[PDB]
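Participant: Residues per chain are reported as follows:
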Amino acid sequence: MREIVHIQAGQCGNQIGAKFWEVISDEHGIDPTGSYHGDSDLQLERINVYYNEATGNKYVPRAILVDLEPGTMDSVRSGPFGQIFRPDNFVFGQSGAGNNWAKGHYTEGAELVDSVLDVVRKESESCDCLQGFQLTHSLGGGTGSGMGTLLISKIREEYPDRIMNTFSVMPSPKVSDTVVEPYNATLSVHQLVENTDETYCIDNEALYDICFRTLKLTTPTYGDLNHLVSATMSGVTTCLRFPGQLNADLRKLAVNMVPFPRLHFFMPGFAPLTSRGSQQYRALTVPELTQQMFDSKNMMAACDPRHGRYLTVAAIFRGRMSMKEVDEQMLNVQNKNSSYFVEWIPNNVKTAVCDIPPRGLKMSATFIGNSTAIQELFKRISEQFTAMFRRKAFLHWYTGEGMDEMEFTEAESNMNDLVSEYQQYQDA
Amino acid sequence: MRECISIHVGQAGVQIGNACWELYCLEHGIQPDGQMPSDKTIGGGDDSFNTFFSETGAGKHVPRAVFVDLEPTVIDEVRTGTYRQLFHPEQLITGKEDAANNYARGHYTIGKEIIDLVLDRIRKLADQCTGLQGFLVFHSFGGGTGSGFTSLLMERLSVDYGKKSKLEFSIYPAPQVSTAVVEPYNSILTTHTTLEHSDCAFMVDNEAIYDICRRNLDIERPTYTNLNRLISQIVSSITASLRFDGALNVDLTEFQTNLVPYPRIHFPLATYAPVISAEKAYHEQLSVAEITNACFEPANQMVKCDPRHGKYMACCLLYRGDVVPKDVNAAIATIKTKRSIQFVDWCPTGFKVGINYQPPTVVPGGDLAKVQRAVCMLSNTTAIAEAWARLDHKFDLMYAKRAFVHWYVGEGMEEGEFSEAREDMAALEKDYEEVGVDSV
Ligand SMILES: Nc1nc2c(ncn2[C@@H]2O[C@H](COP(=O)(O)OP(=O)(O)OP(=O)(O)O)[C@@H](O)[C@H]2O)c(=O)[nH]1
Ligand SMILES: Nc1nc2c(ncn2[C@@H]2O[C@H](COP(=O)(O)OP(=O)(O)O)[C@@H](O)[C@H]2O)c(=O)[nH]1
Ligand SMILES: COc1ccc(N(C)c2cc(=O)oc3ccccc23)cc1O
Ligand SMILES: [Ca+2]
Ligand SMILES: [Mg+2]
Ligand SMILES: [Mg+2]
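Here the protein sequences line up with chains B and C, keeping their order. Quick note on numbering: the first sequence equals residues 1 to 428 in the authors' numbering. Quick note on numbering: the second sequence equals residues 1 to 440 in the authors' numbering.
None of these hints come from the bench; they were simulated from the model. Just to be clear, a hint being listed does not mean it is correct.
Derived pair list, reagent style DSBU-like, types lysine-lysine, alpha-carbon separation capped at 35 Å [as the list claims (entries may be wrong)]: (1) 112/C - 394/C; (2) 112/C - 163/C; (3) 174/B - 326/C; (4) 392/B - 338/C; (5) 58/B - 122/B; (6) 280/C - 164/C; (7) 40/C - 401/C; (8) 112/C - 379/B; (9) 394/C - 163/C; (10) 370/C - 401/C; (11) 392/B - 280/C; (12) 154/B - 324/B; (13) 392/B - 370/C; (14) 216/B - 326/C; (15) 174/B - 96/C; (16) 112/C - 392/B; (17) 112/C - 40/C; (18) 174/B - 163/C; (19) 96/C - 297/B; (20) 394/C - 392/B; (21) 174/B - 304/C; (22) 297/B - 338/C; (23) 379/B - 311/C; (24) 163/C - 392/B; (25) 297/B - 326/C; (26) 379/B - 394/C; (27) 338/C - 174/B.
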């Protein structure tokens, strides 16, 4: 277990995907042409997790870029790190998916999926020992959502003993493209519950509110939202990418974070919260990091941690700091809040440290929580689904592609089951 | 890709088409001969404006458009006018006899003689497209050709292009500039015939436009030319998203997802601002908040009805010119604490927003002031059904006595087509009532 294969689908998927590669390439010393120009050995020791080595001697992301429309991917190609991607790994159709999960999953996506799997296969064949896959996508559109979940199901069929991991962007009325987002998200959640091992719930509601309430940006763009996403994504993958005292992979993450196979939707958090441009000079103390990383206002999923309990938590501290003081503060916050951590999983809070801080910071903390409070996210989507679905509003966009209302009823029931399955462990 | 083909049917369709294509040429810097100096890719390309114009090797930018009328004198004016070199002669199609204000002649007696040739010419345009998105169809409800021929063509297009999208710009009749007493008959007949074949239809009430020219532009007795200049601005706003690109640009198809909750509920209300004379625009700058506010003034609507007395199912704002999201959001927040905006309970309340940066253009010698920023609102309101109620009532008055019906029967139609059309209209009015009722 060395190689991860990365897939990015649709507009959101490709935009957050491109930003992730910009950030991690910078962290690993890699420049737009693929050349290493860094000064630490820690940068290269585990670089094979994400990068292929061409005889070059160039580093090529193990990344496949997928869309049903060309626009966003042309934008990736002419973007900052655009030239670094293997040009054969751009797989795109022409028609788009019209924010329609049925188009992505059943009609338009079906037409393109085999050629994506061909590219997946070529990368997988070149792997010493493939860990599994990470997908970036949103759940509210058509391609990332319908076609992304189609890909996952086809990847699982061909590689049933590999790990599937997603970064899944949840829609919010606060940052909304179409009214059909809750339909697309519910259909997609149904898929994620069955076919991923671990999913980071990146909630556009939370990203918006952080940008507005905390970063004091009166009118957040997608760019501002994505600044938070890429910082979080860098953070959560630190222990996959860098050598440390705990050497992690996608399977060990899943084993230790997921006590029941359906409850695999993580609430990520980050501290210190910053924006692009105006950044703080004031350094953070270990007690301040720890306090901030656990604050509701630092979570990337709009749920109140106090309305539930943590099943498991992984925490990663980056920068030169006292590991002794880290351990003390982490233990302090558990011992002073222990009603919020289930008592039937001993040692359910795990901390790891990496010396390399992210760009522009002296120290940072990244949070990965499996909390029963995530049920709030799913309940919110469920309410929005039902508000339309009770009158069958907007359904003709889906029945026109050959779907039946039964399939909506089934995906709704499965998502409601998930919610009450969370409620079950919040009491005991 | 994604190309749109425009089809202009009958006098209203053709004259509105003239105004629209003239304005598009001005917006894109296309000269009357089709030359566009700023276009550096000769004989082709996939720029935004290529959705509406193809390109010849000689550098000519040619409208993806067919003009059809059952009589030659309106289209003859395109053939001999200012923009005559823009169109290949095969794009301009005319019969010899009109429909004589009679739906039956447009759809059957005279229409059937020219329909295969029309589809041949449309096919020729479609074969030059690499990813045809769909059709935009311009016609009156009231004319024999605008009603009868359009409904025949729409039916045939469904056969030959499947579910390829078809959008309408439909001229709803008013007494002030109407041409026939039988317009209510023709309106109901086409509406019924076309309903299953159209994905979205933008009605333009001639009386709303007539009033706006009178009140806002101080035109005493507006002519078709006055009306069409204004209509073309509204059409340009709607198609701007297809013809230009920009980061905040939102595709018309994406508005459509929000605007059409059920296949039959496909009639958005358009409202446009600002409409102002040169005299009044001088030294008076209309801000984002001002023009947005003007969208909720019923006097600015393209169809006469009252949204304050109905429910919204969607609200879209399409901005052009000097407009940033910060100002839009501020304007919306103000409006939302001050106006009669009630949504049905099954739809979310957020307004959907697009911004194109290219400012509005005006045609020389026109009445509209050149402004820095404009907006077209598209709403889906239950109020639009008022327009149906008014037209259905006029139809009922005549039909109860069978007045003029013998002109239709004489051309092959039956009474059962009138009653079937009318019932579909009663069911439509009923549909608009049902979508407005609270959920249980
Ligand atoms: N806004 C606008 N309405 C028009 C125009 N020309 C005609 N109309 C309206 O269209 C209706 C009459 O239909 P026309 O389009 O003239 O008739 P036609 O489609 O040519 O059909 P026939 O002449 O009967 O064969 C009336 O309500 C007129 O006011 C125009 O240039 N602009
Ligand atoms: N955070 C974030 N959300 C996005 C971005 N682009 C689109 N979205 C969201 O993604 C959803 C629409 O899906 P999108 O990816 O545009 O459609 P697709 O291309 O069909 O997959 C909506 O919920 C949008 O708010 C982005 O760059 N960042
Ligand atoms: C009652 O409504 C109408 C009556 C007639 C006409 N048309 C077509 C006319 C024909 C004509 O040869 O002479 C006219 C002179 C004055 C006004 C109309 C006509 C149109 C109408 O709506
Ligand atoms: Ca060109
Ligand atoms: Mg999108
Ligand atoms: Mg005529």
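Participant: Does each hint fit the structure? Answer for all of them.
Facilitator: Okay, the hints, checked on the actual structure:
Distance check on the hinted pair: residue 112/C and residue 394/C sit about 29 Å apart at the alpha-carbon level, within 35 Å; holds. Proposed proximity of residue 112/C and residue 163/C is supported: the alpha carbons are some 23 Å apart, at most 35 Å. The suggested pairing of residue 174/B with residue 326/C holds, with an alpha-carbon distance near 14 Å, which does not exceed 35 Å. This hinted pair checks out: residue 392/B and residue 338/C have alpha carbons roughly 31 Å apart, not beyond 35 Å.
Our distance criterion of 35 Å between C-alpha atoms is met by residue 58/B and residue 122/B, whose separation comes to about 18 Å. At most 35 Å may separate the alpha-carbon atoms for a hinted pair to count; residue 280/C and residue 164/C exceed this at roughly 44 Å. Using a Cα cut-off of 35 Å, the hinted pair residue 40/C and residue 401/C is violated, with the two alpha carbons roughly 63 Å apart. For the given pair, residue 112/C sits about 57 Å from residue 379/B by alpha-carbon distance, which is inconsistent with the 35 Å threshold.
A hinted pair counts as satisfied when its Cα atoms are at most 35 Å apart, and residue 394/C with residue 163/C qualifies at roughly 33 Å. Restraint check: the Cα-Cα separation between residue 370/C and residue 401/C comes to about 50 Å, which exceeds 35 Å; the hinted pair is violated. The hinted pair formed by residue 392/B and residue 280/C fails the criterion: a straight-line CA distance of about 48 Å is larger than 35 Å. Proposed proximity of residue 154/B and residue 324/B is contradicted: the alpha carbons are some 46 Å apart, above 35 Å.
Taken as a hint, the residue 392/B and residue 370/C pair is broken in the structure, with Cα atoms around 44 Å apart against an allowance of 35 Å. Between residue 216/B and residue 326/C the alpha-carbon distance is near 14 Å, which keeps this suggested pair within the 35 Å criterion. Restraint check for residue 174/B and residue 96/C: not satisfied, since their Cα atoms lie roughly 57 Å apart, outside the 35 Å limit. With a C-alpha separation of about 39 Å, the suggested pairing of residue 112/C with residue 392/B is violated against the 35 Å cut-off.
Taking the CA atoms of residue 112/C and residue 40/C, the gap is near 43 Å; set against the 35 Å cutoff, the hint is violated. Restraint check: the Cα-Cα separation between residue 174/B and residue 163/C comes to about 33 Å, which is no more than 35 Å; the hinted pair holds. A hinted pair counts as satisfied when its Cα atoms are at most 35 Å apart, and residue 96/C with residue 297/B does not qualify at roughly 73 Å. At most 35 Å may separate the alpha-carbon atoms for a hinted pair to count; residue 394/C and residue 392/B meet this at roughly 34 Å.
Between residue 174/B and residue 304/C, the direct Cα distance comes to roughly 32 Å. Compliance with the 35 Å bound is thereby established for this hinted pair. Distance restraint check for residue 297/B and residue 338/C: the Cα-Cα separation of roughly 32 Å lies within the 35 Å cut-off, and the hinted pair is therefore satisfied. Proximity of residue 379/B to residue 311/C is assessed by CA-CA distance (about 27 Å); at most 35 Å being required, the pair is judged to hold. About 21 Å separates the Cα atoms of residue 163/C and residue 392/B, which keeps this hinted pair within 35 Å; it holds.
Of the supplied pair hints, the one linking residue 297/B and residue 326/C holds, its CA atoms being roughly 24 Å apart against a limit of 35 Å. This hinted pair does not check out: residue 379/B and residue 394/C have alpha carbons roughly 50 Å apart, beyond 35 Å. This hinted pair checks out: residue 338/C and residue 174/B have alpha carbons roughly 21 Å apart, not beyond 35 Å.
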